[PDB]
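The full complex has more chains than appear here; those shown keep their coordinates.
Note that the chains are named A and B in the order they appear, and that numbering of residues resets to 1 at the start of each chain.
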């Protein structure tokens, strides 16, 4: 999920947008 | 833009930034 994608691993701001509604 | 570690409240702050008025869900359990 988001934590794995962005905290444990790294994510871009575009990947963060995956979690917008 | 960059790729970085975003954790905890910083992750949700980043989601706020990125999503804003769209809103977002933060669901750490998946």
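Throughout what follows, contacts are C-beta pairs under 8 Å (C-beta built on N, C-alpha and C of every residue); 3 or more make two chains touch, one makes a residue touch a chain.
J.: How many times does each labelled chain turn up in the complete complex?
T.: So the complete complex, counted chain by chain, is A x6, B x6.
Rule of thumb we're sticking to: only the chains that are shown with their structure count from here on.
J.: When the centre of a chain is set as the mean of its C-alpha atoms, what distance in Å lies between chain A and chain B?
T.: Comparing mean C-alpha positions, chain B is 7 Å from chain A.
J.: For a test of understanding, state which residues of chain A touch chain B in their complex under the given definition.
T.: The touching residues are 1-4, 6-17, 19-21.
J.: For chain B, which residues count as touching chain A in their complex?
T.: Of all residues in chain B, those touching chain A are 1-8, 11, 14-15, 17-19, 22-30.
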